[PDB]
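Next comes just one chain, in structure tokens: the form solved without phthalic acid.
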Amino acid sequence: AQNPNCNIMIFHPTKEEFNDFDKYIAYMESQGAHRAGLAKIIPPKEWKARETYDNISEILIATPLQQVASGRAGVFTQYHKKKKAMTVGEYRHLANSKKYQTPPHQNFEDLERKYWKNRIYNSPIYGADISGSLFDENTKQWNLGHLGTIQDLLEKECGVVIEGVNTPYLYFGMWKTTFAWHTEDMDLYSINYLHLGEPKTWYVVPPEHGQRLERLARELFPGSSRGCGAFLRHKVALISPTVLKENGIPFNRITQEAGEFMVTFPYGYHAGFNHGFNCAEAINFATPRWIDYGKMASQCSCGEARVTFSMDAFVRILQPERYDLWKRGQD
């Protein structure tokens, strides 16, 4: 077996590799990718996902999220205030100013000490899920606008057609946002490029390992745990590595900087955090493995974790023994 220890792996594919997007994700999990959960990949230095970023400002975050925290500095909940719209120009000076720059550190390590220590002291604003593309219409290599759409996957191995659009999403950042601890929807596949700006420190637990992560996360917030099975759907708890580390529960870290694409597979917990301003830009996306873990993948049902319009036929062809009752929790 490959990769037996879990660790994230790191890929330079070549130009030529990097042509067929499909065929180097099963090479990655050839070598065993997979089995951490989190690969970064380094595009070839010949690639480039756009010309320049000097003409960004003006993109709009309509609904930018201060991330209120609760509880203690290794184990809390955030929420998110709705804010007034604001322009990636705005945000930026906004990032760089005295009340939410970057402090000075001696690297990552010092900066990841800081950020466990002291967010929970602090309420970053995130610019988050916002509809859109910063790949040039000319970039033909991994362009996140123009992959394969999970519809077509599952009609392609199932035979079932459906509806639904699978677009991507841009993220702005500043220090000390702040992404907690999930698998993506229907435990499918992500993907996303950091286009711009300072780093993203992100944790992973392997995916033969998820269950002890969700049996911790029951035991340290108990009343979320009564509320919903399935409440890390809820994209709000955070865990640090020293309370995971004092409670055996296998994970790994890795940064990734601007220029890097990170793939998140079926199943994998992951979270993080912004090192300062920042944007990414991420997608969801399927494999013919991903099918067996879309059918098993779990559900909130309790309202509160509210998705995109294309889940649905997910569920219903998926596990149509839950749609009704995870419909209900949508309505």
Contents of the next structure:
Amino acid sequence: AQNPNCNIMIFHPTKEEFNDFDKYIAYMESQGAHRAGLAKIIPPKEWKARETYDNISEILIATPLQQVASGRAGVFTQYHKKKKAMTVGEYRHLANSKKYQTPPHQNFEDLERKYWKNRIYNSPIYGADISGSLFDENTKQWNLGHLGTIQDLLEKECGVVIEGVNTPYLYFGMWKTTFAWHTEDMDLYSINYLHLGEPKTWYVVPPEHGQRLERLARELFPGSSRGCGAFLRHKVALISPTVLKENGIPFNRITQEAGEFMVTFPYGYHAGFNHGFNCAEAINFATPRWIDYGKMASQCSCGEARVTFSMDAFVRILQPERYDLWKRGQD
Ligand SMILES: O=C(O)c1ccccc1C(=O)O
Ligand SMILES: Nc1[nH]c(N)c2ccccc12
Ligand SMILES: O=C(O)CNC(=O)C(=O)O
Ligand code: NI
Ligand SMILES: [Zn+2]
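Beyond the form solved without phthalic acid, can we have the form solved in complex with phthalic acid?
Up next: the whole complex, starting with the chain shown before.
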């Protein structure tokens, strides 16, 4: 079996290899990439997402989120406090202000140390889940707004026709902005392109060991666990690499830089943080191998998770037994 230690693999496709998205994902899996839960793809040197980013300051962040932490440095939750709208230009200026800017540091490791030591004592502001794309329409390869849809994948694989659409989201980050431990909706894949700015550090648990993380999470967040059988779906819980190591949870880490893609694989739990002002674009996608994960995916039914319109059909077709109870949580 390929990649038995479940290491994060890094790929360097040629421009020829970069033409067929599905084929390259299948290739990465043939090499065992999915066992890690996360892979990095460095685009060929000839490729560009768009000409320049010189005209993006006018994008609106309608609902910036202030990420307020509770708990201890290595085990905490964060809640999202809504702030007044601001443009990306305003947000960038805020990110670079003395209050929010990345501190002096020696390297990525020093910055990682500072993040886990000090994150809880600050409340950075994130522009997350903004529907849109920064890929040029003329970019034909790995354009996250031009991928085959999850609905079409389900139809091709299962012969079922369903409602729903599947579009990308933009994420504007600053120092300490954080993504909590989670898998994707329906345990889908995700693909994430870092368009511009400072890096993003990722942590990931191999899909074959996801239940180990869940067990630890139930121990570390006991109230949350009692409230919901799938509380990680709430996307609010953080556990540091030190605490993971102390508890023997298998995981890996890697830092994504501007111009690089990351792919998360079905049921690959991931979390991470931004180093400074940046902009990423991400979307969920599916392959034939996903279908069985979609059938088995946990669901939040306590009402906290609250997911997109399009998830309805996924649950309805792949998890009909769960559908009634799950939908009671949406209404
Ligand atoms: O439902 C699960 O398998 C689960 C179990 C323990 C913690 C969290 C979850 C979750 O899905 O978020
Ligand atoms: N609010 C809340 N619930 C659980 N389980 C927590 C653990 C740590 C910090 C806050 C928490
Ligand atoms: O970039 C972020 O803030 C969060 N991204 C993801 O969880 C993802 O691409 O799957
Ligand atoms: Ni994700
Ligand atoms: Zn819930």
